[PDB]
Each structure stands twice: as C-alpha cells, then as structure tokens.
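K.L.:
Each chain, letter by letter, is given below.
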Amino acid sequence: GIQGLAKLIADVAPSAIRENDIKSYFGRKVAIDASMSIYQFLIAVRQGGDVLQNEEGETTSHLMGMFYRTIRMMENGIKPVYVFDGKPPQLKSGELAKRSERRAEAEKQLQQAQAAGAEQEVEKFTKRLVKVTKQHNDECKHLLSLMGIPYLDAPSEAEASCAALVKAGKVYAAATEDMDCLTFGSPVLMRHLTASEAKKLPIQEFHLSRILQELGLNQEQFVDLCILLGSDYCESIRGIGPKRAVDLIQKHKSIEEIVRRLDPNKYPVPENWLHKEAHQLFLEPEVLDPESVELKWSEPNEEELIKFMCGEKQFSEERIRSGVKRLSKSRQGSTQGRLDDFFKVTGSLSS
Amino acid sequence: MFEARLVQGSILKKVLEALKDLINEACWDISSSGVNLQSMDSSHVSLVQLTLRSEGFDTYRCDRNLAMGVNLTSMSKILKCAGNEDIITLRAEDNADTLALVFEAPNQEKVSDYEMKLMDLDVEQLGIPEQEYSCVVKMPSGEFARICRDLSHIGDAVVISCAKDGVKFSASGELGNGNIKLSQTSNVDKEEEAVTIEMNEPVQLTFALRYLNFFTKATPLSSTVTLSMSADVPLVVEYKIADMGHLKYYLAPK
Amino acid sequence: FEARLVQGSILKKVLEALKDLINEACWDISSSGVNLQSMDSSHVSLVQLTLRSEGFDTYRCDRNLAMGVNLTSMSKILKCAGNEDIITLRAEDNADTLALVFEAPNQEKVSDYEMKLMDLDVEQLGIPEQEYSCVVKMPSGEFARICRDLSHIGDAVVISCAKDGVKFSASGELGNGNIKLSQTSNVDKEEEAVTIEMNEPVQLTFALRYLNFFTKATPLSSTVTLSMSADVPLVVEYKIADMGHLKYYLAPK
Amino acid sequence: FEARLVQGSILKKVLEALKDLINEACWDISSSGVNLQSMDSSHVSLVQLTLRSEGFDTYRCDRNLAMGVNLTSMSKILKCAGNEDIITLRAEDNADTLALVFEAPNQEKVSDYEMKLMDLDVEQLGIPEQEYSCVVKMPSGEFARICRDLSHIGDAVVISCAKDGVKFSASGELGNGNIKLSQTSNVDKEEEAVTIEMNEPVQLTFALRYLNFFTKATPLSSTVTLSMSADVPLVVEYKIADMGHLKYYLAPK
DNA sequence: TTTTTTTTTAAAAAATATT
DNA sequence: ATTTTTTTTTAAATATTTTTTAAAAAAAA
DNA sequence: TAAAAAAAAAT
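Chains as they are written, first to last, in the entry's author numbering: chain D, 2 to 352; chain C, 1 to 254; chain A, 2 to 254; chain B, 2 to 254.
This list has only true hints and no planted wrong ones.
With a straight-line cut-off of 30 Å between C-alpha atoms, the simulated DSSO-like cross-links for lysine-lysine are:
hint: 1; chain 1: D; residue 1: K93; chain 2: D; residue 2: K254
hint: 2; chain 1: B; residue 1: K20; chain 2: A; residue 2: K217
hint: 3; chain 1: D; residue 1: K24; chain 2: C; residue 2: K248
hint: 4; chain 1: D; residue 1: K200; chain 2: C; residue 2: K20
hint: 5; chain 1: D; residue 1: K330; chain 2: A; residue 2: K20
hint: 6; chain 1: D; residue 1: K30; chain 2: C; residue 2: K254
Stretch-level coverage of chain C by chain B, calculated; a stretch enters the list once three of its residues show a Cβ under 8 Å from a Cβ in chain B:
hint: 7; stretch: 75-82
hint: 8; stretch: 107-117
To be clear, the hints were calculated from the coordinates, so they are not data collected in a lab. All C-beta atoms in this analysis are idealised placements derived from N, C-alpha and C, irrespective of residue type, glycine included.
Using the sequences plus the hints, can you model the full thing?
P.N.:
If you want it as structure tokens, here you go:
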C-alpha cells in the first residue's frame with residue numbers, strides 16, 4: 002500500500018493513466034488479487050450489517066459478490082486469473098501489527114458503540130472488523146474450481162505474483178486496488194475493475210513503462226521513490242511526501258545519495274530502516290514461476306454448482322443457473338481481435 | 001492560419017454525423033496537402049482513416065501543420081446547426097484554442113459563425129501499409145447498410161465469406177441464422193449498383209456488428225463501399241467522399 | 002414445405018400486425034394453405050389468420066404440420082426482407098427449422114434466413130358459426146384513425162349499428178367522444194366507402210388496447226369488414242386480395 | 002356559443018403550439034372574438050391569443066363566456082381531428098361542456114367531442130401598448146431553425162439589432178454561436194423575407210429552452226414579428242392569415 | 001428526400017433483496 | 001501564504017426491477 | 001487496500 006502514488010501519477014502524468022471502461026478489453030488476460038475482491042465483497046455486500054448469514058452458519062457474502070463480478074467480467078470478455086494471497090514476509094509484520102492494533106481499536110469502539118445503540122457506527126465498526134481466514138480462501142478457491150476460472154496461490158504476496166505474470170507475458174495486466182504492482186514490476190496495471198461499472202468509477206489503467214519514460218528513471222529508482230513515498234514494508238523519511246521524493250529522486254538517483262546528503266536535525270533517518278531488503282523484495286520477490294503454471298478457462302459444471310450454492314451456500318437456483326448460462330454464452334463465441342496487433346504505432350499526435 | 005471554405009459542406013456534415021457514433025474525441029491532422037483524421041476507437045477495435053484533400057476545398061490556404069483535439073459529438077452538434085446547402089468554412093486562429101465554423105448560406109442572407117471550443121488530446125497515429133487486398137468488394141452503400149442493419153437483429157457477428165459466385169454475409173445468433181448472398185453483377189445500367197468483386201482467394205472472416213453498424217452511418221456520402229479483405233488483415237470499409245478522398249474504416253476480425 | 006410468395010410484403014405486414022398481440026403462435030400449415038388460429042398473450046382476443054395457397058406462387062406441402070414459432074423473432078426476421086422481396090418459406094421434414102429465402106426482385110441479393118423454433122402447442126378454436134348481422138365494410142385507414150382517436154379518451158368504445166351509418170362513442174377522463182359515419186353516394190370499390198348491412202340493433206363496449214392492436218393490419222387490406230351481433234364477439238376482418246383473410250376476434254366488455 | 006372554422010388546421014396548430022408550455026388555460030371568448038391571455042406553469046411567460054370573429058366562418062356568442070380548458074387534453078382532441086376538418090366549436094350557456102364537431106368537407110365522417118371544463122377564475126395581466134425598438138419581421142422556419150441551432154449551444158441567446166440586420170448569438174460550454182441575418186429588400190418574394198424596422202440598438206438575453214417552446218408555433222404563419230425594445234419583454238407575434246394573431250411574451254434574462 | 005412527430009428501446013436512479 | 005506533509009476520520013458490490021432521461025425509426029406530411 | 005479534509009511545520 003504505497004501512500005500517495007496514484008495521486009502522484011494523476012497530477013504528474015494524466016496521459017499515462019489511459020482511462021477507459023470495461024468495454025475496452027477483449028480477450029485480455031487479467032491477473033487479479035483475490036483478497037482485495039474478498040475484502041471488497043465482505044465489506045460492501047451487507048445484510049444491514051449481518052454479512053449474508055446463510056442457514057448453516059457460514060459467510061456467503063464474498064462468494065455472492067465475486068461470483069457475480071466474475072460472471073459480468075466474462076460478459077465483457079476479460080479473462081480473469083484470480084491470484085490468491087500468500088504468506089506475508091517478515092517485512093509486512095509491522096504493517097500487520099498496525100492492522101492488528103487498528104482491529105483492536107475498532108473492536109473496542111464496536112463494543113463501546115453497541116451499548117450506545119448508534120446502529121450505523123455499529124455497522125461501520127463491524128465493517129472495519131473483516132478478517133481473511135483459511136476457510137474463506139479455501140471455499141473461494143473451491144468456487145473457482147467449480148466455475149472453471151483458473152486461480153493461483155502466491156508463495157509470498159499476490160501483487161508480486163500478478164506483476165511477474167504480467168512480466169512473463171502470460172497475462173496482460175493486474176487488477177489491484179493496491180498500488181504495489183507498479184513496484185513489484187507490472188508494466189500495465191488496471192484499477193477499479195468492478196462489474197457494475199458504466200461511468201461511475203471506471204478503469205484507471207496505469208502504465209509503469211510510460212511513467213518510467215516520462216520521469217526518466219529505471220525500475221530500481223522507482224522502487225526507491227516508492228520507498229520514500231512509504232510502502233507497507235519499511236518506513237519512509239519523515240517530512241518527505243510525493244513532491245519531495247520526486248524532486249530528490251530526480252536530482253539524486255541512488256538511495257545513498259538520498260541518505261547521506263541529509264541532516265539528521267531536519268530529515269532524520271529512522272531506526273532499523275531497512276531500505277535494502279525492501280529494495281530486493283521489490284526487485285526479486287518470492288514468486289511462483291509464471292511460465293510453469295497453466296491458465297485454462299474450462300467449462301463449468303452447471304447443475305453441480307447450482308446444487309452446491311443451493312445446498313450449503315443457500316443461493317437461488319435460477320440466479321446461479323442464469324450466471325452459468327451467461328458464462329456459457331460468454332465462452333461460446335469467438336474472441337474479438339484487437340487492432341494494435343495488426344497495425345503498429347508510428348507516432349502520437351499533439352494538440 | 002487555416003481556412004477551408006467548403007461549398008459542398010453537406011458531405012462534411014455527413015462525415016461528422018458518421019464520426020460521432022464511433023469515436024467521441026479525435027485530432028484532425030490538418031496539413032497544407034489536405035485535412036486528415038486517423039483516429040482509433042476507444043475499445044481499440046476500429047480505426048477511421050479520413051482524408052479531405054485540398055483540391056476539394058474551394059479556398060484552402062493552410063500554412064503549417066496543425067493538430068486540433070476536438071470533441072466530435074460537440075463538433076457534430078455544431079455542424080447540425082447548418083442545412084444541406086450552406087458553405088461551411090473551417091477557420092482556425094493563431095494558437096488555435098477555438099475552431100471558427102462559418103456557415104454561410106448560399107443566398108447570402110444568413111451567416112452563422114460558430115467558434116467552438118477544443119481540448120488537449122494525445123492520440124496515436126497507426127501505421128497503415130499500402131498493400132493489396134485479397135477480396136475487394138465494391139457494393140452499394142445503402143445495400144451494405146441494409147445488410148448490416150438486418151444482420152444486427154440476429155447476432156452480434158457476421159461471418160463474411162468471399163467465394164466464386166460472390167460475397168456471403170453469414171450471421172447467426174439466438175434468433176437462428178441468416179445468410180445474405182451477393183452475386184457479382186455487370187449487366188445493370190447504373191455503375192453504383194454494380195457489385196464488383198476483385199477475387200484473389202476465397203476468404204472467410206468474422207467481424208463484429210456494432211462496429212459495422214457504426215461504419216454504415218457514412219452511407220449518405222456516396223453509394224460505394226469498397227470492402228477490402230485478406231486472411232487476417234483488418235477489413236477496410238472505404239467510403240468515397242465526393243472529390244476529396246476517403247473515409248476508410250478499419251475493423252479487426254474475430 | 003415450399004411456399005413461394007412474390008408479394009412478401011403481405012407476409013411482412015401480417016407479422017407486423019401479429020407481433021404486438023401474439024408473442025408465440027402455432028402455424029397450422031395445411032395443404033390448402035397457411036392457417037393460424039392462435040390467441041393473444043392475454044386471454045381476451047382471438048386471431049384467425051388464413052393464407053390460402055392460391056395467392057402463393059408455388060405452394061407445396063406434404064403433411065399437416067404445426068410450427069410453434071416466436072412471432073417477435075419471426076417479425077424481426079421478416080424485417081430483414083424488403084418491401085418487394087420474394088419470400089420463399091422452407092421447412093425440412095425432420096429438422097425443426099423454418100428457412101426463409103428473401104429473394105431480390107432482380108434476384109441479386111439472395112437472403113437465406115434459418116429460424117429456430119419452439120414446441121408450444123395450444124388447443125384449436127374454430128369459427129363458432131357467426132350469423133353476420135351487422136357487416137360494416139369501411140376503410141381501414143379510417144378504422145385505424147377511429148381507434149387511434151378514441152384510445153386517447155378512454156378504454157371503452159361504444160359501436161352502434163344503424164341504417165344511416167355507424168357510431169363510435171367513447172367516454173372517459175377527457176370527456177365524451179363520438180365518431181359517426183355515413184354511406185357513400187357513388188359506387189367506389191375499396192376506399193372512402195362505408196357500406197353497412199342491417200338485421201338487428203347492436204350496441205357493444207370494446208377495449209381500445211386490443212382494438213389498437215387490431216388496427217396494425219391497416220397496410221394489409223384497405224377495407225375493415227367489421228362483424229358483430231348481440232353477445233357475439235366482434236370480427237375485425239382484413240381480407241387480403243390475393244389470398245385468405247386475417248380475422249380478429251374481440252369479446253365485448 | 003357556436004364557432005365554426007372552415008379550415009381547422011389553424012386551430013390544431015394553435016393547440017399544438019400552446020400544449021407544450023401552457024398546461025391549463027382560460028378561453029375568455031367574447032362576441033368580438035376568441036381571446037386567451039393565459040400564462041404558463043413556469044410562470045415566466047405570457048401567451049396572448051387573438052382569434053377574430055371575422056376569420057371564423059360561422060361565429061355566434063352572446064353571453065361572452067369565460068370557460069377554463071385543460072389544454073393538453075383539448076390538444077389531444079384536436080389531434081383526433083383531421084387536417085382539413087370543418088371544426089365547429091360549441092358550448093351551451095347553461096352547461097360547462099365544450100362541444101367540438103369535426104366535419105370533413107368531402108368525406109362523410111362527422112365526429113362530436115364534448116368536454117368537461119373545470120372552473121378557472123384566473124386574473125388577466127394586460128400588457129400596455131408601446132413603440133418597440135426592433136420590430137424585426139423574419140420567416141418562421143428561419144426562426145425555428147435559429148432557435149433549434151442555438152439551443153444546442155446553451156440556454157441563453159443574445160439578440161442584437163443594427164443597420165445590417167438582426168444578430169442572434171449564443172454562448173455555452175460547447176462553443177459560441179453567432180447567427181447574423183441581413184435586411185432583405187427583394188421584390189421576388191422568396192422564402193427569406195427578413196425586414197428590419199430599425200430604431201435603437203438593443204441587446205437582450207433570452208432563454209433558449211423557453212424559446213424552443215415559443216417556436217413550436219411555426220406552421221401558423223410563414224413569418225413572425227419579433228417586436229422588442231431594451232427593457233420590455235420580447236413580443237413574438239404569429240400573424241395568422243386574416244384570422245387573428247398569436248402574440249408571445251417573454252421577459253428577458 | 002428531409003422534416004417533426006411518435007414511438008421503442010438502451011443508460012442511470014434509486015431504493016430494495018442479494019441473504 | 002503557500003508548500004508540503006501527516007495526522008485523525010471516512011470508505012471499499014451486485015442484480016433484478018421499476019421508473020425514469022436521451023436517442024433513434026419508421027410512417028406518415 | 002484506497003481517498004479526501006484539515007492541522008501544521010516547511011515554503
């Protein structure tokens with residue numbers, strides 16, 4: 002979670018963010034973080050604050066939300082690779098300590114607010130108490146196995162796996178709300194890949210190659226720039242935000258030139274500030290091999306998925322039947338070929 | 001520095017009525033040799049290659065190369081403020097942030113100046129190789145618009161096959177199937193109706209139909225669609241604009 | 002089954018007339034010709050469509066097959082034909098697909114259209130021996146005008162038969178609306194001729210929604226042959242010149 | 002009350018003019034003629050209808066009634082009329098019924114339409130008579146074309162009058178319209194007859210959505226009369242041919 | 001042939017079930 | 001008076017349905 | 001995992 006990166010690319014390079022809709026991708030393999038979608042559909046999809054409690058005692062909210070997201074994402078021709086989250090390294094343990102004390106504050110404030118009877122703040126601070134579990138990802142990967150969409154499990158982090166999937170050319174893009182994929186290495190990053198999307202919050206297709214050309218720096222210096230923005234692995238220098246890190250990176254390329262020309266009485270270097278290992282973790286992370294894995298969009302079993310969602314996930318028969326029929330007519334037709342495959346760009350045009 | 005007096009500006013109105021349903025923002029590649037627009041769809045499927053040469057404009061005096069980023073639905077709403085007889089005069093000022101469009105009526109009683117706003121766009125210009133096509137089909141434009149409008153009711157994709165007898169516009173969908181055959185004719189008295197097919201090999205391709213229905217808004221320009229095909233090269237849907245040039249619509253197959 | 006039709010605009014106007022009132026219909030294809038006694042999407046109005054084999058150019062049929070088709074999809078396929086296109090129906094013996102060949106008038110643009118079919122079958126209801134009391138042969142553009150006028154007032158038209166003419170009384174939210182017709186002095190065949198026969202007086206209340214659906218067969222024939230009696234449903238007949246007739250049945254309210 | 006128009010297309014075009022902005026109107030008829038001074042639901046613009054008794058073919062009124070007519074519904078009843086019907090307005094002096102009898106001059110269809118009229122005691126706002134600065138007289142198709150032109154620009158038109166001619170101009174977020182006409186002194190009497198009655202340079206801002214509802218009255222006359230000055234509201238006069246006039250009032254922005 | 005109109009679909013509003 | 005960063009807080013859909021704005025398409029003047 | 005907004009030293 003790089004603080005102030007998307008705003009930096011928005012106010013520096015609006016040409017690099019090729020803003021478009023969900024109609025603009027035909028047959029593009031898109032490797033998506035699963036855990037971002039699972040938290041989005043455990044937080045946004047609510048029964049008034051009851052997160053879709055079924056008749057057996059489980060949570061069917063996230064399966065509902067990302068099932069219909071995946072059906073409308075095959076309706077637009079986008080081929081998803083739901084890359085699941087991995088076991089986080091030792092550098093993200095401080096960020097999960099921050100998340101654990103944030104959950105502790107939210108739990109204490111939820112127990113304060115449930116006595117007060119302010120039921121909207123009760124809903125807010127049970128929406129801030131959403132935790133991913135092993136059974137949530139296990140039943141979600143079971144749903145991916147049932148509906149024929151391929152999935153991957155990351156060894157370390159899903160953003161690194163998505164970025165090396167773009168880097169190997171296996172997929173076209175990553176679809177994360179997280180901005181770490183521009184530093185784990187993905188040249189093309191879409192954001193806000195939702196199903197119900199016409200004009201309300203459309204796709205921010207970030208381009209790492211475009212911003213490295215227009216600010217004039219390679220991957221390692223952009224990794225260092227997002228260290229000084231402040232990532233979720235190691236801390237940043239206090240007093241340096243977007244514009245100061247952009248100016249100091251563009252005037253001083255290496256991280257040693259950032260460090261040694263700084264007085265400690267105005268810009269302190271923090272204690273145990275591990276920039277080298279976070280640099281090596283953005284350049285070479287623990288990633289599963291993208292050439293070794295295979296991405297196959299198989300035909301789903303229809304009535305078995307219907308009896309699964311209507312026997313122990315408590316859905317409607319006609320709703321799941323309509324969804325599997327929608328994906329079946331999505332996979333029936335031929336793919337729509339693009340025009341940049343056949344014609345090559347000579348040069349852009351100004352105004 | 002750019003002035004383009006067009007007496008027959010009805011076909012300019014037809015160009016911008018054809019353009020607004022497909023692309024919303026484009027840049028005119030205005031040069032001294034003519035006016036061009038090579039802009040691509042937002043879904044990155046279809047290209048519009050436009051050419052209005054300087055011979056068709058009756059007073060063209062543009063000095064240097066000018067690229068003008070324009071909202072084409074706004075430009076078409078400006079050009080809907082002229083009738084079918086007015087002399088649409090393109091005019092651009094120094095450091096042109098406005099496009100002055102003078103709609104002089106030919107009876108010299110109504111002069112409609114429309115200086116309309118622009119935008120900053122960075123659009124790419126693709127490289128089109130000038131290479132010969134396998135199946136060059138020259139049908140009427142109204143019949144092609146009719147064919148695309150009928151086949152859009154069945155399914156979203158024609159499967160167009162050229163053959164020895166003629167071009168076949170096969171399409172299928174949830175309403176069933178539809179095949180439209182067009183024999184090559186030469187015995188008609190009108191040269192617009194004569195479906196001329198330049199055969200090299202019989203080739204079968206599949207094209208989307210929303211883009212083809214977007215292409216067939218250019219049918220009031222002239223009654224000549226030059227469908228040009230190859231094995232995997234995109235379809236050229238070429239409209240002869242009357243004595244300026246072409247409205248070559250490109251379409252990547254399926 | 003091969004039913005060639007030179008005037009395919011007749012079949013296109015039949016499908017335009019029947020697309021808004023029957024969505025799924027059975028097509029009782031006999032050797033005598035194309036026949037249809039389907040009924041509407043509601044349970045109010047009956048449609049008796051007859052297309053005899055005399056108006057068809059080459060009619061061939063082997064067995065009395067009934068095709069349950071979707072009239073909306075068939076009307077969208079009949080919209081693909083031109084207004085002068087020669088339409089050749091074709092049905093295979095074993096395959097349940099209706100092939101339509103919209104041949105060009107100059108026989109250039111051959112338009113083969115295969116249609117998928119469903120298997121909806123309904124019970125058949127024939128003509129229940131109408132006495133034909135008041136037969137009002139009046140122009141179809143005027144009946145379409147009268148129903149389009151009185152649909153803007155209310156959902157009740159009151160039609161009264163008389164010797165001097167026929168009334169069309171409608172009342173509702175806007176107010177009273179009457180439309181009175183008369184005879185015609187000079188003997189004119191199709192247009193501007195309201196000819197009425199008279200056996201017993203009749204005064205019935207009909208809905209304007211189903212009559213507005215009925216008036217979509219106006220480009221088929223120029224004359225509406227109204228026919229009604231006491232407690233007998235109104236027969237809006239649309240006799241086509243070259244073959245058959247299109248009968249619209251409507252129970253009074 | 003018995004008012005008869007030998008050509009009722011004038012009355013139908015008056016109701017298609019007035020149905021778009023006046024929803025409820027009072028028809029203050031008199032023995033001198035049919036008058037209306039109603040004002041719209043947006044309460045921004047006054048409409049003056051003058052229908053002289055000399056233009057009526059058979060006019061008769063003695064009580065000088067003050068009926069209040071729902072105007073969209075009675076425009077629907079004029080939409081029930083044909084374009085050449087001899088329209089006979091009628092109203093009995095004891096009942097609140099506006100009877101309308103539509104008679105075709107050759108065709109035998111005589112249609113009677115009564116109405117329910119609500120009670121409307123709405124006061125009159127009589128405009129004074131004054132000399133106007135620009136009394137420009139331009140064609141109605143030209144003014145409809147100019148208002149539909151500049152309505153794509155924005156909701157504001159500035160109208161300038163000078164020696165060369167009237168100059169309509171609109172500005173908005175899409176562009177900047179500027180329609181400059183010219184004084185026409187031709188003798189051949191073509192489609193354009195723009196005459197200037199030039200007195201004093203004026204420049205006033207008017208809404209264009211409202212002016213689109215104003216120029217919905219286009220097929221009443223070939224020519225309009227925009228009579229206006231610097232502070233008074235704009236007067237758009239639709240001079241009906243020897244039948245009366247429809248004056249339209251719009252306050253400037 | 002083009003108007004304007006009238007009508008019929010294809011985008012947003014706008015909560016409710018989704019459970 | 002900016003310029004810039006860093007503190008708190010606020011958030012994270014989907015579909016079906018009905019009900020609406022906007023754009024067309026026949027079917028006539 | 002995102003953003004806006006405001007407080008507050010840097011500017």
